[PDB]
Amino acid sequence: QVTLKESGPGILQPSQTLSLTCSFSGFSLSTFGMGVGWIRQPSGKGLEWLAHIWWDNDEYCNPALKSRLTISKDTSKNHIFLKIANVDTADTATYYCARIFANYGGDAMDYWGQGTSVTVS
Amino acid sequence: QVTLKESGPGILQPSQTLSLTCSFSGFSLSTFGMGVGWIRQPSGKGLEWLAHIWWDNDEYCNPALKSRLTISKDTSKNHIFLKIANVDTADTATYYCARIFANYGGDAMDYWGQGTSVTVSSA
Amino acid sequence: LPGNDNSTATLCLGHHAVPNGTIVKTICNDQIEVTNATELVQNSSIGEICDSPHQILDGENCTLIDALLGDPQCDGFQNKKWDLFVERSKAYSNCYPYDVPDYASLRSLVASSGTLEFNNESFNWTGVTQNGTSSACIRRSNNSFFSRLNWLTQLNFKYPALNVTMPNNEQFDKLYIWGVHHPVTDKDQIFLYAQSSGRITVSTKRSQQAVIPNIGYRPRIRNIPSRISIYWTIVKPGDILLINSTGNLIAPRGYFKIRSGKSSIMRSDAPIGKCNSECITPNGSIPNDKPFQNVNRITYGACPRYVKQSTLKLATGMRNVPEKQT
Amino acid sequence: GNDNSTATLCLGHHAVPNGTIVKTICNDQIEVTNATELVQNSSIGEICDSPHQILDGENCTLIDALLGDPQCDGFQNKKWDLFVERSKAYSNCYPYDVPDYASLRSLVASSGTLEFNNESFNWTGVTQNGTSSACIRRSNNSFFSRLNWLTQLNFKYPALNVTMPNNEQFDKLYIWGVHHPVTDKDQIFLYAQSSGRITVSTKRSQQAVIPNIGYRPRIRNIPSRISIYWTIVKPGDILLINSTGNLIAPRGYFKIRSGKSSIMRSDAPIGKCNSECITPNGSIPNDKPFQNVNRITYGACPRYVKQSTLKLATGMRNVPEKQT
Amino acid sequence: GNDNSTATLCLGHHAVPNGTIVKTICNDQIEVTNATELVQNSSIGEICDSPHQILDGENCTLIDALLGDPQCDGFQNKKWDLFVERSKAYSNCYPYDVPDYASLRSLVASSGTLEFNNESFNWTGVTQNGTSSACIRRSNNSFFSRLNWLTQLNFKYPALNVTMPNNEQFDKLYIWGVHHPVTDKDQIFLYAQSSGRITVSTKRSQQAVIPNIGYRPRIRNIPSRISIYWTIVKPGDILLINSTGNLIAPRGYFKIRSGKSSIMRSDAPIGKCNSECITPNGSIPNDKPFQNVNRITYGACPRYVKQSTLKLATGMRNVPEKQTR
Amino acid sequence: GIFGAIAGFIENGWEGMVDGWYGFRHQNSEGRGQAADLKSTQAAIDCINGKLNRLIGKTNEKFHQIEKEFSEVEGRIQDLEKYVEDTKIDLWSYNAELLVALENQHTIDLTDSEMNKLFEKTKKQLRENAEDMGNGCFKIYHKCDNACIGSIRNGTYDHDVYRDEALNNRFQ
Amino acid sequence: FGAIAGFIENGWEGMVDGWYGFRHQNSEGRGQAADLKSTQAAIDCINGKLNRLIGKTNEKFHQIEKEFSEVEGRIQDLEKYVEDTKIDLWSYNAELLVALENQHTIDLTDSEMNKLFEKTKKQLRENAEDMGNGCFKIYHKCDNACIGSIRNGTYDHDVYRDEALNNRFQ
Amino acid sequence: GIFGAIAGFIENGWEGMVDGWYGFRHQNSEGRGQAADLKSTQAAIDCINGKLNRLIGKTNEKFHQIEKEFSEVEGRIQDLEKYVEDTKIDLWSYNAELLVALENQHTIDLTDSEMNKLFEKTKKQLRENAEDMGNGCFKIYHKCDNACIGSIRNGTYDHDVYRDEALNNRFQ
Amino acid sequence: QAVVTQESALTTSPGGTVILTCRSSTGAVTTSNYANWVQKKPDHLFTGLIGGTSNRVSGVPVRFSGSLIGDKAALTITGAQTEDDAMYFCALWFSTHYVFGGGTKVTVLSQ
Amino acid sequence: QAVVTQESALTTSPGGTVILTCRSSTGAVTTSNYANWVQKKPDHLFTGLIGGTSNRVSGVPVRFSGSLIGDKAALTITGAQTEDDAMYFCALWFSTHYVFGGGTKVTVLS
Ligand SMILES: *[C@@H]1O[C@H](CO)[C@@H](O[C@@H]2O[C@H](CO)[C@@H](O)[C@H](O)[C@H]2NC(C)=O)[C@H](O)[C@H]1NC(C)=O
Ligand SMILES: *[C@@H]1O[C@H](CO)[C@@H](O)[C@H](O)[C@H]1NC(C)=O
Ligand SMILES: *[C@@H]1O[C@H](CO)[C@@H](O)[C@H](O)[C@H]1NC(C)=O
Ligand SMILES: *[C@@H]1O[C@H](CO)[C@@H](O)[C@H](O)[C@H]1NC(C)=O
Ligand SMILES: *[C@@H]1O[C@H](CO)[C@@H](O)[C@H](O)[C@H]1NC(C)=O
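Note that the protein sequences, when read in sequence, are chains A, H, B, C, G, E, I, F, J and D.
What the first sequence shows, in the authors' numbering, is residues 1 to 35, 35A to 35B, 36 to 82, 82A to 82C, 83 to 100, 100A to 100D, 101 to 112, in sequence order.
What the second sequence shows, in the authors' numbering, is residues 1 to 35, 35A to 35B, 36 to 82, 82A to 82C, 83 to 100, 100A to 100D, 101 to 114, in sequence order.
What the third sequence shows, in the authors' numbering, is residues 3 to 328, in sequence order.
What the fourth sequence shows, in the authors' numbering, is residues 5 to 328, in sequence order.
What the fifth sequence shows, in the authors' numbering, is residues 5 to 329, in sequence order.
What the sixth sequence shows, in the authors' numbering, is residues 1 to 172, in sequence order.
What the seventh sequence shows, in the authors' numbering, is residues 3 to 172, in sequence order.
What the eighth sequence shows, in the authors' numbering, is residues 1 to 172, in sequence order.
What the ninth sequence shows, in the authors' numbering, is residues 1 to 9, 11 to 27, 27A to 27C, 28 to 106, 106A, 107 to 108, in sequence order.
What the tenth sequence shows, in the authors' numbering, is residues 1 to 9, 11 to 27, 27A to 27C, 28 to 106, 106A, 107, in sequence order.
To be clear, the hints were calculated from the coordinates, so they are not data collected in a lab.
Worth double-checking, as some hints may not be accurate.
Under the rule of at most 27 Å between Cα atoms (straight-line distance), these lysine-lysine pairs were calculated in the DSS-like manner [what the hints assert, rightly or not]: (1) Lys68(E) to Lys315(G); (2) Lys264(C) to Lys82(E); (3) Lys92(C) to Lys68(F); (4) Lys51(E) to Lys51(I); (5) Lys82(F) to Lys264(C); (6) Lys121(F) to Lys88(F); (7) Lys62(I) to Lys82(F); (8) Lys139(F) to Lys124(F); (9) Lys58(I) to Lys310(G); (10) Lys27(B) to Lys292(C); (11) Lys82(B) to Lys315(B); (12) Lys315(G) to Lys92(G); (13) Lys124(I) to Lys326(C); (14) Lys62(I) to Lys264(B); (15) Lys121(E) to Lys121(I); (16) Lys276(G) to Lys292(G); (17) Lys123(I) to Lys27(C); (18) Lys264(B) to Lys68(E); (19) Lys124(F) to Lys123(E); (20) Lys103(J) to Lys70(J); (21) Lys310(C) to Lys88(F).
Input sequences plus hints: build the corresponding full structure.
Here's what the structure looks like:
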C-alpha cells in the first residue's frame, strides 16, 4: 500500500536549521513520472505549498523561500530530505508530506502523509 | 397486461432435482425479440442471473452452473421450465422468472415476476 | 441485442457452403473440403459388349485359326468380315490335330486384316489324288478334312514331284495357307506318299521356305497320333508363287485377301447385348466420358487411359467452411 | 506533458546465415533456408539379405547349377529370392551350349526352384550312366548330376519309346540334351547307327532335332558340343520321347513356379542391413524417392534418374541478413 | 492551370494492337502481347553433312555395299556416321536372301566401318573364284567382291578343315554364304557330291546349315538362291569351318566397332548447312524443344509430338486500349 | 442461430446462397440483404468448365495392340511385352495423380483469389465512406437504404455527395 | 481527352520504353515514363523460361526401325506399339508443360506489378487517396520534381503532411 | 546500435530467433521485445510436411525386369530392349525435373503468401489505431506497453476503447 | 469470473441528485456490455429502469436516466422522491452470461 | 505573488448540490494551471480528489467532479452526505510553483 511518514525534532530554537526526513513505501523513485510534495500547516491559517522534487532530479520551489530551503532525495532507501535555514516563529507549523503523480493532463496529489508538528520558540 | 408467475415445490431435500415452472400471459415466445430469464436471490446476498431462453431456441447460462442447469420453453401453452440438478444449501433462494426484451441497442429488463421461495433442508 | 443505428450499414459479402462436403486431395494438403467433386475414373462396367459402332463377331467355341483352316463346326464363319473378333474360353478344336510355328504371329496378322474372304483356285494338280479325308474330322456325319486345305495321296502307288506355280496380278496382297503332314511310322509314309523321304519347298521372288517332315510318334489326340504343321506365305502383287515338293504336302485351295485397318482380336467371355458405346473391354463395355479407367488394361477403340488408382476425385467448386456452431 | 504513444511491432521472418541453393521453375539461383536431397548417389557396397533369401554364386552360373556341375554340387534343391551371378563364373564340365540362352536363364530364375525329383524312367536296352573324362567329380569321370548319357550296348541300339505321364497339380520342366559327335566313326562307336534323330512331343507342342556331326574348337581336351533343350509339361499332359541315337536323357523333372525371384550379376559380397534395394554396386536406402547409382533394381526400389543431384526446398527464402 | 492541388500519378502496363491467342490451364481465348512458337513443323528439305559424315546411297543398299556389288564397288573401306539409303536401290548380282535381314543390317549400321582386310586362307585342292553370269563387271562376268565361290578341282571335293586363329584385339565379323542349287544334276557337277553340309564353330557358339535343292522363281535368269550368314569372332577365339560342298567362303573380315553410326531412308538431296539434326524430310533447327516433322531422327534433335502448333507466352496480358475516349 | 450480420470469406460460408456463388448480405435500417451477384460467380465458373471440357471427351484412338496377358510361359519376348506395359501403366498412373493434384490446387487458389478481388473491388469503391472491422464486413455510415446498398453492387456509388455524413461518423 | 486510368480499364500503347510505367497530370501538363525495377523483374523470370527450352536437346543416335514395309508378327507389332506409347506420353508432356508455364507467366506479371502498385501506395500512406483505376489523388500541389522522387522512393510524407490533410477531410 | 526495427517482410529477415518461423519485434518505452507466433508457422510447416510424406517412403515393388546390359551383341531384339529402357529413363528423368521445379515454386509462393496474411491480419485489427509504411512496421497508438503486444498477439485487441486517443496523432 | 462492484449504499434528501455507477473488473465498460438497471422496492416487485445503457423502459418517470461516465456505466436520478427508497442492482453482459452487482441501497429521508 | 482566493464557508443539507470556486489574482485559469482540490477531514488525513482539473484521483465516489466554469476553475458536488463535513482547499500551478488557496469550509447539517 501507499504510506509516507514524517520525522522531525519538534522543538527547536530560533534561527536554527530544520531537518525533516520523509520516508515512503509502496513506490520506488525509479518509476517514470512521480514526485513527492511538501506542504506545511500553520495550525489555524491556510496551507502553504513550498517545494517538491521530481524523479529526474528536477526541483521547483516557492520563490519566497529560494535562499532558505533545500530539498534532496534518497532513491535507494526511499527517503526525502527537507532543509529550512534561519527558522522563525512564522515557521511554527504542522509539517506534512505528500506524493504527486505526473500523468497526462495534469498532476495529482493523491496520497498524503500523517504529519509532524514543529514548534519554534 | 404483462404478468409473470413462478411455481415450485418450495421445500426440497439435499442432492435432489429442483423443478420450477414460469407462467406468464400477455405475450408469446413466437414474437421476434422475445425471451424469458431466470434470476434468483438467496434472501440477503446479491442477485444471481441463471439463464435465459430466446425465441429462436438460443440458450445462454451461467458458466459456473452449466453442468447443473437445464432450461427449456413451451410455445404452445406459454410456459418456461427450469431444472437444477444436485441442489444444496447455497441453492436456497427466491427464484424470479422475468421478461427480457431484445430490441435495437441492447436488452431491456422490463417486466419481472413475483417470485417463489425455495428452501433446501434435510429436516 | 442487435445494436444498430439507422445510418450504420454492414455490406457483409461472402460465399456459399454445403452441410455435406466432398473429400478430395490437393498438392499441399490431402483432406480439404470442396463443395462437389467429380470422379475421374470409370470403375464400373455394364457387363456386356454391344456392336453398335463396330461389327462384333462371336466366338461360339471356335477360335480364329480354326475358322481360318475350315473346321466343320466353324464353317459358319466363311468369308465373314469383322471389326473385332471375340474369342471365348470355351473354344476347342474338333478336327485333325495341328500346331503352327509362331502361333501369336499368325493369329495377330489375320486378326489385323479382319477379313476371311477366300476364293477357290484351280491349281494344276497332275499325278495326285486330291480331297484327302480323315476320320477325326467329321462333317455332316461323314469323314472330311479342313475346308480350306487339300490333302494329297498317290494314284497308282506313285507320287511324281509337283512343279505347280501361279502368279499374282491383282493390286492387293495374297495370303496362302499351306501345311506339312507328319506321319507316325515309316510304313505310313510309304503307304500314304509312295516315297521313303519327303521335302516341301515354296518360294517367292523375295523369300523362300523349306520344311523337312519330322517322322516319329506323338501323343494321341482324337484317336490320331499324327501332326500337321501349317505355314503362311505372303505374296506381293506381281510376284510368282512356285511350289516344289515330293510328298508330305497339304495343298492350299486358294488365297486369302488381306488389308490394313482397325480390326483386332480379344479374348473375353462377356455376352453380346444392344447399347450405344465405343469402349470394348474383356469385362464388357464402359463409358468413355471419364478421362481414366481401371477396369482392365486390355481395351479397344476410343477408351480412357488405364490407371491403377481406384478413385481420383477432382474438385468442381470452392473450399467449404460450414457450421460455425450453428 | 505527453508521452510519445509510438510503437513499431515490425513483424519479420526466419533467416539463416548459411542457406543452400535450390532451383525453381523460372530461375536457377533462389537460395533457401533448408532443403533435402532427393536422389541417392551413394551405396553401402554390399548386398544384405534381410527381406530376401540371397544365394551366392561362388563362380557358379545359374545354368551350371541346373545341370549339376561338379563345382556347383552344393546347389542341389536350393531356392532363393535373388540369384547373384559372379563375374568369375566358368565352366568345368563337358562343353555345351543352349539355343535361346536368355530364355532358359529367365524362366528358371523367375521360378527360383531347383527341387529336382528323380523320376521312374525305364531306359532299357542301352548302357546308361555314360562316363566322360571332362567333368571329373573329385576322383573319377562323371557326366552330370541331372542328366544321363545314353551309350550303346553289344552292337545294338534299339529304338526308345519311353512314355511317361504327368499326373500332378503343378507344371513339370524337363531338361534333355543332344550330343554331337566329331567323327562318323565316333557316332558308330557310341550309337551303332550312322543316322540319328530325337523327337519329343506333348499334347500341345512337339520338338524334333537332328544331330550334326562336325568339328569344333577343342575345349578342355574335348572337341564336341552338346545342345540343351527344355520342355514344359502341363498337368494332365503326357511327355513321349522317341529317338534313335544322340540322346541325353534326363534323370527326372524340375519344378517350375512363379514368384518374385530374379537374377542379377554382381561382384559385391553378402552382408547384413535393413533395406529392400539390391543393385549390382550394392544396397542403397529406399527412403529417397529417386536414385542414380544403377538402372538395375529389385523390390521397392526408387527409379533411375539421369540428374546427378535434385534438391527440393524444405523451407522459405531467407534473403540473408541486415548486417552492419 | 491544374494548381488545385490535384494529381493523378496513374500507373499501368504496355499493350499491343495485334494480340495473339495462347492457351493456359483454363480458358484458352486469352490474349498475349508476344508469344513464341515451340514445335518445328517445317524442314529445310536437304540433309547436310557438316557435323557428321553422310555417305549417299546411289541406288545401293547397305548389304549390297557389304557384299561388294559391281555397281556399289566405290564404297570399299568407307567410314560413315549415317548410312543414307535411297528408295531407288536394287541388286545387280547373284540373287540372295538372308535370314534375319533386320538384324544383320542393324549391327553393321552401328559399326560404321567397311574396312575389309584380305586373309590368306589356306584352301585345299578345290577350284576357287567361281564366276556367275548375271553379275557383270566390265563385261567379264563376276561375283560378290567380298565372297569366294568354290567348285570341284577336277572331279572331287576334298572337304575343307580350315581354321583362322584370331589373336588381335578388336572384334571380327565374318560373312560367309551357302549356295542352294536348283536340281540334283546341277548339285553333282558343281560340288562333286549329291549331299552337303556346312558347319562353322567358335569356342563359344556354333552355326549349322544344310543345303536345300529345289526350284525357285526366275530372277535375273538365275533360278538358284544364295543364303548369307554372319559369325562374330571374339578376340582370342578361333573360327573353324568344316564343309563338304555348297560353301561360299569369305576372303577376310570386316572390322566391327561401337559408335554413333546408323542407317536412314530418305530421298532428300545433299547440301551444306550447320545443324545437328537429320530427318528423312531434311535438316531441321534444334533451337526449338519440340517438332512434328517425322518420328525418325538422328543426332541432337527435338522430341516428336502430335500437335500442329504450341505457343509459349513470352509476354503477358494484352487488354486493348479500345480506341480513344 | 440468429441474424447478427455474420462474417464472410475469411470466417464463414453461407448456406442460403444457392442461386449465386459470391453474394452480398447487408444489414441496414430495413435489415436484410441476402442476394446474389453477377460476373464473379460466372468468372469462378469459367475456369471450372474449361478444366472439365479439356478433360472430359478428349479421347485418343487405339485399335490393335499386343497381348497384355498370357497363358503360356515364354522367353524374353513375353518378358519384354509384360514390362513394356508395366512401365506404360506406371507412367500413366503418376501422370493422372500429378494432373489432378495440380488441377486441384489451381481450382482452390483461383476461387479464393477471385473473391479477394471482389472484396477489394468494393473496398476501392468506397474511398473513405466506410472501413472494415476485420471479418470481411464493412462499416458504412450515412443514410444507406436498400437502393443505396444496391447501387454499390451495380457500380455507381459517388463518394463526394456522401462526404459530409461520412466524415462525421468517422475521425471527427 | 484527359483523366487517364491504369490497371483497371486498359493499358496503353503510347509507351514502348518498358513494360510497366507511370502517367501523371499536374501543372506542367502531361508526363509519362517507365521504371526499370519491376520491368526487369518481369523480364528476368520470362527469359528464365526461355533458357531450359530453347537450346535443350537430348542426343539419340541409334534407335529401332520406326517404319515398316512388309508385314511381320510380334516383333513388328511390339516395335510399333513401343513407339506409339512414347509419342503419346511426350505429346501429353509437351501440352502440360506449355499450359503450366503459360498460366504461371500470366499470373506472375499480373502479381509483380501489383507489388509496384502496393509499393507506391504505401509510400503515400496518407498524402494520396485511391481512385479505383490505378490513380492516386495526390494533394499538396507540386510540380514535376515530385514524380522523380516517387520512382526513387525518396518521398517524405512528414514534410508534406500540412497540405495532405487540408484537401483531405474537412 | 541503430535499433529502429529496421526490416521484416521487406529488405531482410531475422536470424536470431530460432523458436519459430515468423515473429514480432516492438519498440516502446519498455524497451525491445521479441516473440514468435505459432499459428502462422504451423501452416507453412504442414504444407512442407505434406511434401515429404507424399514422396519419401512411397515406392512401388518391382521384382522381375528384362536384362538391361549385355556382354554380347545381337540384332533387333537387343536393340529394342535398349530402346525401351532408354525411353523410360528419359521420361522418368523429365518427370523428376518437372516435379521438383514445381514444388519449389509452390513452396516459395505459399510461404510468402501465408505470412502475408499474418501482416494483413494485424492491419485489419488496427483499422484506425495505426499507420503503415514501407518497411513492414507500424505506428501503433496509443502508448503501447506489454499489454497491447499481447492483446494483438492473442487477438483480443479492442480498437474502440482507444479510438479517440488514436485520432490526435492522425489529426497532426 | 467478471465480478461487478457498485456502491454499498447512498443517501439523499427528497429532491437531491444521486449518481449510481456500475464498474467491471474485466476492463472498460462499453455499450456492448448492455448495462441493465433494476430497482427492488421492499413491498413491490422488481422493475427495470435502463436497458442497453441508453434505452429507457417505458413507464418509469423522467428522473431516471442512464449513460456512460468514463470507464464505467452510470444511472442518474435527478430530483429523487420519497418513492425511490429501494434497492438498486446492475447487470452486465459478458458475451456469454449476465452478471449482477452487489446492489446499492439508496435511502431517502422521509421521516 | 499570484494569490489564490476562495469562499470562506458553505452550508448545505445532506443531499444538496454544492459548487465551489477557486479564484486568483493573475486572471483566467486554463488547463495548464493544473487545478487540484484536496480534502481535510478533522480526524483523518489529507485526501487528493481531482488533479489537472479533469483527471479525478481514483478511489473517491462519483459525486465529486471538477471542471472549468467560465474563465475559472471549479469543483462540483452532487448530493453531499454527512461524511463530507471537512475543509476543502484548492491548488494552482504558476509555471514555477504551486500557490495554495485559502480554503472553503463545507458544513453539512448532521
Ligand atoms: C432511425 O430513424 C427511424 C425513423 O425515425 C426510427 O424508426 C422509428 O423509431 C421509432 C422510435 O424508436 C419507433 O417508434 C418507430 O416505430 C420506428 N419506425 C420504423 C418505421 O421503424 C429508428 O428507430 C431510428 N434508429 C435509431 C437507432 O435511432
Ligand atoms: C455438383 O456436383 C456435380 C457432380 O456431377 C457437378 O457436375 C456439378 O457441377 C456440381 N455443382 C455445383 C453447383 O458445384
Ligand atoms: C519300361 O519299359 C520296359 C520294357 O518294355 C517295361 O518292362 C517296363 O515295365 C517299363 N517301365 C515302366 C515304369 O513303364
Ligand atoms: C529521381 O528520379 C529521377 C527520374 O528518374 C532522376 O532523374 C533523378 O536523378 C532521381 N534522383 C533525384 C535526387 O532527383
Ligand atoms: C494471451 O494474450 C494476453 C494479452 O496480453 C497475454 O497476457 C497472455 O499471455 C496470452 N496467452 C494466454 C495463454 O492467455
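Evaluated hints:
Restraint check for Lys68(E) and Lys315(G): not satisfied, since their Cα atoms lie roughly 37 Å apart, outside the 27 Å limit. Between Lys264(C) and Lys82(E) the CA atoms are separated by roughly 14 Å; this keeps the pair inside 27 Å, and the hint holds. For the hint linking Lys92(C) to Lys68(F), the alpha-carbon distance of about 20 Å falls within 27 Å, and the restraint holds. Restraint check: the Cα-Cα separation between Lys51(E) and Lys51(I) comes to about 24 Å, which is no more than 27 Å; the hinted pair holds.
For the hint pairing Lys82(F) with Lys264(C), the CA-to-CA distance comes to about 23 Å; that is within 27 Å, so the pair holds. With a C-alpha separation of about 49 Å, the suggested pairing of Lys121(F) with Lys88(F) is violated against the 27 Å cut-off. For the proposed pair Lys62(I) and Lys82(F), the alpha carbon gap of about 12 Å is at most 27 Å, so the pair holds. Straight-line distance between C-alpha atoms of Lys139(F) and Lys124(F) comes to about 14 Å, which keeps the hinted pair within the 27 Å bound.
Between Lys58(I) and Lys310(G), the direct Cα distance comes to roughly 19 Å. Compliance with the 27 Å bound is thereby established for this hinted pair. A threshold of 27 Å between alpha carbons decides the hint, and for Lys27(B) with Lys292(C) the separation of about 23 Å falls inside it, so the pair holds. With a C-alpha separation of about 45 Å, the suggested pair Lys82(B) and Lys315(B) falls outside the 27 Å cut-off, and the hint is violated. Of the pairs offered as hints, the one joining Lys315(G) and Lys92(G) is violated, with about 40 Å between alpha carbons and a cut-off of 27 Å exceeded.
Simply put, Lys124(I) and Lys326(C) have alpha-carbon atoms about 22 Å apart, close enough for the 27 Å limit, and the pair holds. For the proposed pair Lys62(I) and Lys264(B), the alpha carbon gap of about 32 Å is over 27 Å, so the pair is violated. Our distance criterion of 27 Å between C-alpha atoms is met by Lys121(E) and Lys121(I), whose separation comes to about 19 Å. Annotation: proposed proximity of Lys276(G) to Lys292(G) holds, straight-line Cα distance about 21 Å (limit 27 Å).
Between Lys123(I) and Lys27(C) the CA atoms are separated by roughly 32 Å; this puts the pair beyond 27 Å, and the hint is violated. Straight-line distance between C-alpha atoms of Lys264(B) and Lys68(E) comes to about 18 Å, which keeps the hinted pair within the 27 Å bound. Annotation: proposed proximity of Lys124(F) to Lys123(E) holds, straight-line Cα distance about 13 Å (limit 27 Å). With a C-alpha separation of about 19 Å, the suggested pair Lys103(J) and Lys70(J) falls inside the 27 Å cut-off, and the hint holds.
Restraint check for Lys310(C) and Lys88(F): satisfied, since their Cα atoms lie roughly 11 Å apart, inside the 27 Å limit.
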